[PDB]
Amino acid sequence: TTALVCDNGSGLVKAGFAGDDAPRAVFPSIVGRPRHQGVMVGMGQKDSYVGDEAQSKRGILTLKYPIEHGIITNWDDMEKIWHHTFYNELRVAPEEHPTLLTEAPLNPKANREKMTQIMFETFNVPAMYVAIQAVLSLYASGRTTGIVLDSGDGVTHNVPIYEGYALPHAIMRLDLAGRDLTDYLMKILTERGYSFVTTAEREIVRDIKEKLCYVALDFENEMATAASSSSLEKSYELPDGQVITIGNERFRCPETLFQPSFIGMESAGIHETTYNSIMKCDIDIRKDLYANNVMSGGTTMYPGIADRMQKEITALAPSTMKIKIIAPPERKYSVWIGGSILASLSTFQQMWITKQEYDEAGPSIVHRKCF
Amino acid sequence: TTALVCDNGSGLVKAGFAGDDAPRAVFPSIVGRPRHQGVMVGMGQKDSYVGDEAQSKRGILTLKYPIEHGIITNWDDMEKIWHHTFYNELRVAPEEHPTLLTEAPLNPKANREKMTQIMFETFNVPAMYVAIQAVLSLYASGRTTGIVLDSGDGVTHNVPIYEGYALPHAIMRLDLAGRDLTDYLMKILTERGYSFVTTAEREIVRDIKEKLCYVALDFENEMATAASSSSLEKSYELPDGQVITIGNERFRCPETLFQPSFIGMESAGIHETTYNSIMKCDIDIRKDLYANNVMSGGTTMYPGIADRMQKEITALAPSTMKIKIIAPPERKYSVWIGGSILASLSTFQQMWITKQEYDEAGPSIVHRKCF
Amino acid sequence: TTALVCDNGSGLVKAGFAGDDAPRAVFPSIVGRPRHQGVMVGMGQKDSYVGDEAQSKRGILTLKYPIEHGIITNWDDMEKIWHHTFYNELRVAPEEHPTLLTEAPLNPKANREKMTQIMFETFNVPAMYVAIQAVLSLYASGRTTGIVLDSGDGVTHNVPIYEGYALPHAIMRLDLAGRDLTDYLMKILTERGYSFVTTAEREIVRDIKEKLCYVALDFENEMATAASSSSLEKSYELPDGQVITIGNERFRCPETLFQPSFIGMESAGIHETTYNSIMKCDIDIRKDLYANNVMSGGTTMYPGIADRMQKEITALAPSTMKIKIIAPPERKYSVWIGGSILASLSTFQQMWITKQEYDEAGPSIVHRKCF
Amino acid sequence: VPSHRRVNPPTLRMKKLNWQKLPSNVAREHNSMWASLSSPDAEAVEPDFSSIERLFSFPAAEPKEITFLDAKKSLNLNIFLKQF
Amino acid sequence: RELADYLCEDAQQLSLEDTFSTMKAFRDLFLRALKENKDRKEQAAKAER
Amino acid sequence: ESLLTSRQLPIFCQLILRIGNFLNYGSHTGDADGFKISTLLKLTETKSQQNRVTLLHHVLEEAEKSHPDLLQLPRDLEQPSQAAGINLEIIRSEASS
Ligand SMILES: Nc1ncnc2c1ncn2[C@@H]1O[C@H](COP(=O)(O)OP(=O)(O)O)[C@@H](O)[C@H]1O
Ligand SMILES: Nc1ncnc2c1ncn2[C@@H]1O[C@H](COP(=O)(O)OP(=O)(O)O)[C@@H](O)[C@H]1O
Ligand SMILES: Nc1ncnc2c1ncn2[C@@H]1O[C@H](COP(=O)(O)OP(=O)(O)O)[C@@H](O)[C@H]1O
Ligand SMILES: [Mg+2]
Ligand SMILES: [Mg+2]
Ligand SMILES: [Mg+2]
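Protein chains in written order, with our numbering: chain P, 1 to 371; chain S, 1 to 371; chain B, 1 to 371; chain V, 1 to 84; chain G, 1 to 49; chain W, 1 to 97.
Because the hints were derived from the structure by calculation, they are not lab data. From the three backbone atoms N, C-alpha and C, an ideal C-beta is built for every residue, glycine too.
No more than 25 angstroms apart at the CA atoms, straight line, and that leaves these computed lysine to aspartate or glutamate pairs for DMTMM-like: (1) S/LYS114 / S/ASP76; (2) P/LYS322 / S/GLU237; (3) B/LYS109 / S/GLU220; (4) P/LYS355 / G/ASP39.
Going by beta-carbon spacing under 7 angstroms, a handful of chain V positions derived as facing chain W: (5) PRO9; (6) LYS15; (7) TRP19; (8) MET33; (9) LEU37; (10) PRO47.
Label pairs and their in silico Cβ distance ranges: (11) S/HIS169 / B/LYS311: 47 to 53 angstroms; (12) P/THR198 / W/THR5: 57 to 63 angstroms; (13) S/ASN88 / B/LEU217: 43 to 49 angstroms; (14) V/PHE84 / P/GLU68: 36 to 42 angstroms; (15) P/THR1 / V/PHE84: 22 to 28 angstroms; (16) W/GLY26 / P/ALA361: 29 to 35 angstroms.
Input sequences plus hints: build the corresponding full structure.
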């Protein structure tokens with residue numbers, strides 16, 4: 001039997017089979033409900049729109065994200081998200097297919113309890129596993145050792161692994177990723193005059209961030225260049241036909257990853273998190289973490305981020321030793337890809353959480369069988 | 001039939017073939033067990049790394065030394081060490097070749113008992129012999145008479161031999177050698193702030209001690225030179241790229257050999273041990289033991305030990321008689337070279353301990369056959 | 001005049017006069033700097049809050065601990081701490097009062113050098129002394145022999161003393177105490193959903209650890225009780241009015257002292273540290289050290305630690321000798337109190353470090369006068 | 001009247017519920033709850049011992065759709081085909 | 001004192017706090033047992049359907 | 001007062017005493033006139049053969065059919081649950097001061 005991989009992240013659900021190259025069902029994770037008064041009768045007015053239908057019909061909908069910083073808050077919405085990604089997107093029966101879900105580290109345990117219980121009692125499987133996303137990104141990178149910085153839509157987490165051994169005391173979690181970048185871009189696009197307040201306008205600001213934004217190599221020189229001349233300004237077309245043109249917000253928005261004090265957070269940037277995660281490890285492996293900085297997630301898809309983080313770590317690391325960022329061209333879907341190699345691995349077949357073991361052990365095996 | 005010579009010293013196992021001048025397999029005697037959590041499934045995650053693989057992957061391992069002060073504490077680890085030095089390094093069948101062994105004097109007898117039992121019930125050879133290391137060092141020195149100070153990693157022992165006769169009552173043992181120097185060097189490196197606490201970092205301090213430390217010719221004058229000027233200070237490169245600098249700690253570490261009160265021992269130094277070992281002998285034979293101070297062991301590989309030894313003995317001995325230190329450049333492997341000389345000798349063939357002798361006599365013939 | 005005692009520990013500064021029974025000025029050692037934007041002009045907005053004012057105003061501050069594992073990392077912050085504890089809290093003139101300071105053993109020497117230079121050139125005393133905390137705790141206990149475990153907020157150190165003689169080779173330092181317990185309690189409180197990421201929330205987690213946590217007499221039975229029933233769960237009130245409830249984390253947090261592998265350290269527990277400190281001494285005095293296990297420090301304020309310490313040492317020691325744990329009810333301030341014993345003795349008055357000795361010998365007399 | 005002690009012995013071996021048993025003389029106090037239970041006029045619930053003995057005892061010693069492809073490419077073809 | 005004689009505990013060793021905590025845990029286990037029984041019966045009915 | 005004047009709590013205590021007198025026959029713990037308060041916490045230890053149903057779940061399953069008044073038992077124990085965690089000594093010392 002083929003296996004399923006379903007990276008159920010904060011922003012985009014990426015689901016597909018095992019052994020495949022690309023994730024077949026990539027769609028954002030939103031539940032849309034109408035907020036106006038429907039006067040027409042007939043022709044199928046649904047009370048809830050999930051997936052691409054909520055994206056297409058977003059001008060009459062309130063969109064709710066069921067996952068916030070990796071922790072599922074609304075569970076009926078996440079039930080509908082799983083129902084849509086099994087029955088409507090992949091068009092599969094979950095009762096005859098194993099399933100590998102992804103999870104950020106340092107998650108509350110009752111979240112994992114409810115994932116296990118709903119996944120085993122609503123969409124009851126033969127087997128299911130819950131994995132760490134950084135381990136799957138290292139599976140996609142094709143190497144055994146390395147430090148992985150994953151940055152999805154809610155969680156940026158750093159996990160270092162050497163020769164198959166993850167160090168749990170060196171794992172760090174930062175609740176700052178693309179949703180907070182989107183909210184900060186909604187805050188700073190109000191300076192130029194463009195007002196965005198609704199949940200539908202968050203998708204337009206997200207499309208602006210995906211299409212135009214880039215990571216600056218040097219922040220102060222880029223601010224001076226944008227203040228001096230309008231060569232860095234770029235234009236975008238809204239769905240109502242209005243044409244916007246933005247300047248420094250192309251590179252002020254991804255700078256929150258390197259400077260978390262923009263949105264009021266006390267914690268340091270992702271480069272200091274990576275350096276402290278390396279420095280928390282034992283000494284003899286640290287060189288092998290400098291040459292294998294694996295990046296993943298859609299937040300690291302800006303076309304200026306690898307040279308910038310190489311510059312920051314090379315400033316932070318001792319100078320007698322090479323820094324090398326491993327940034328693949330397909331690092332958006334690398335969690336799904338490494339889930340596809342791990343689902344197709346022959347040795348992984350003994351590590352499934354079967355239904356019989358769940359019935360014997362209650363919903364408590366997922367603390368002791370998983371990481 | 002070529003014999004095997006396997007010096008199973010405290011520091012590094014040195015094994016090879018008889019008749020040769022250099023040992024084929026020199027590798028440290030450690031057992032490395034992983035301590036963190038393995039997450040990457042497959043690719044042969046061994047539960048115990050032995051020898052060179054433990055040294056090359058020590059950043060995820062707890063390293064255990066099977067010998068402590070000349071006595072084998074852990075026996076399963078020594079079974080793994082003997083399996084590694086027979087099957088993996090030399091790649092020879094033990095059941096068709098004899099294998100010579102080395103041992104420190106004033107050892108508890110059960111170590112020799114279990115050595116006999118394991119080498120004739122697990123690594124069953126056609127013949128073997130257990131020898132005193134100082135007798136082998138004098139055989140490699142090419143002279144019949146002399147006193148040998150052998151200082152390995154656990155035992156510093158003095159044995160005098162005159163005309164092939166070793167006096168038993170003058171043999172002295174001191175439990176102060178290179179591991180205690182490494183322990184004291186980890187203690188005194190905390191003054192400069194470099195906290196080396198792990199078992200992996202003990203190998204780093206051992207590499208510091210091998211590369212940089214030296215025996216001072218005078219101790220108080222080198223305090224005067226080190227405290228006055230920073231001319232003796234030397235920098236070292238750690239595996240993470242950090243660079244340390246040590247000053248007087250280059251020569252404070254071996255002076256524990258000449259002053260055992262640094263680590264809180266009531267016993268006198270190795271020069272006083274040598275002088276009392278000579279003085280316990282007869283008055284006729286002291287003249288040849290003055291002129292033939294043969295030295296061996298890796299702890300005698302500091303580049304200042306022979307002149308300090310000559311100075312302290314010439315201060316201790318009466319001045320009318322000649323003091324000479326015999327320090328060959330290959331004295332690190334001189335136990336192995338003496339074992340290769342003694343194994344290839346024609347007069348040694350009746351002195352073997354056979355399988356038939358072990359079967360008729362139990363594991364108790366090693367006390368009456370060996371010295 | 002009357003001397004001062006100023007225990008400048010990692011967590012709490014305890015200052016007071018000599019000849020007194022209780023420390024007059026106890027306040028935590030933090031420096032708080034504002035991180036948000038001040039909008040209301042005037043009314044004396046200080047750029048750095050030190051002590052209780054930083055505690056009361058911590059919701060708008062970044063709090064920095066100047067001492068890390070007994071080593072002063074930031075010296076301007078500790079100058080501010082000394083200025084606050086002399087001029088504001090105690091309200092004394094430091095140039096006309098001797099001041100006794102406390103220090104952990106096996107410390108880097110340059111820390112002691114800079115304390116000597118700053119306290120003779122910025123806070124210029126007539127005289128001072130730098131004392132080991134365990135000797136002050138034993139002098140507080142009113143006895144001459146015993147082994148002292150002292151566990152503050154950065155350093156847990158074991159020192160055995162027999163008839164006023166301290167054995168220096170048996171002194172053992174472990175960098176695991178209450179700040180590491182607070183960080184581990186941050187790491188395990190994320191399981192229940194309570195996210196504590198800021199430096200202000202560290203004080204809340206520390207108050208949870210002070211008020212609710214306890215040392216289990218048997219860890220596995222207490223885990224079985226916590227897994228079975230929620231009887232030992234207890235509730236705490238946050239300053240925003242939210243009520244949390246914690247279960248097994250009451251005793252998993254101080255178990256890191258007995259099991260250092262929770263936070264990734266390879267070292268053994270404090271009971272094994274105490275037992276190895278006893279066994280490194282002479283054989284004739286150990287019977288005196290078994291019966292006089294003195295404990296001190298705030299990390300021994302958990303109300304289950306003495307019975308667990310007696311149980312673990314009684315399991316470790318031979319059964320024919322008496323195990324007794326000296327745990328007075330005022331052993332939190334005992335490092336102060338014995339200092340107030342030692343500063344008021346007539347035989348201590350020649351052991352002061354006068355200004356003339358510092359001027360003639362540089363800041364190097366502290367290595368030769370203090371132990 | 002010892003109504004609580006009048007229980008039949010069981011046929012099968014039962015899993016032991018561990019507890020801290022009170023002394024009998026402590027349980028016979030005047031203000032005791034067990035003394036109020038020992039009065040026969042109190043309300044007693046008869047348990048169904050049959051189900052307790054049943055459960056908590058110890059245990060003893062076809063070609064419909066034939067295909068020449070593999071399932072992965074066939075389901076990828078189904079996703080490709082059913083969107084038309 | 002009346003509850004010490006009522007629950008047949010030692011009067012000089014009874015604390016009211018661990019008594020009320022044991023009752024709190026017993027009520028929490030009671031509600032969790034009722035919730036697990038309801039979920040088990042609902043899932044058994046759904047499986048039979 | 002709720003613990004001293006509870007009706008359903010002695011009913012449940014006699015029920016668990018009869019079940020234990022069935023269940024711990026032939027041992028030293030059997031034939032008991034009473035037990036401590038901590039017996040109710042350990043009720044989830046006694047599992048079924050399928051490791052799904054504990055003894056507490058089966059007692060409330062039997063009590064749903066035969067004697068439903070035991071389901072009134074959290075009403076009597078709500079005030080001990082609210083009273084739990086209250087330290088009498090600190091509030092009495094504050095009142096005395
Ligand atoms: N090409 C791109 N350039 C910049 N940012 C992107 C790009 N594609 C996606 N993103 C951002 O990264 C996120 C996608 O990361 P992903 O790991 O798929 O999130 P999730 O899995 O939580 O939905 C989106 O929320 C989006 O804001
Ligand atoms: N070049 C060197 N300089 C200084 N010390 C050395 C050198 N080589 C080895 N040593 C020390 O000597 C020890 C090796 O001595 P050896 O005779 O092999 O002891 P053993 O055989 O008893 O283990 C090592 O532990 C090392 O610390
Ligand atoms: N009542 C208590 N219960 C548990 N832990 C406590 C208690 N009081 C203090 N502590 C812990 O002990 C530490 C105080 O020990 P102390 O030696 O005074 O620290 P320092 O002197 O370094 O500030 C604090 O950091 C706190 O975490
Ligand atoms: Mg993701
Ligand atoms: Mg040797
Ligand atoms: Mg202290």
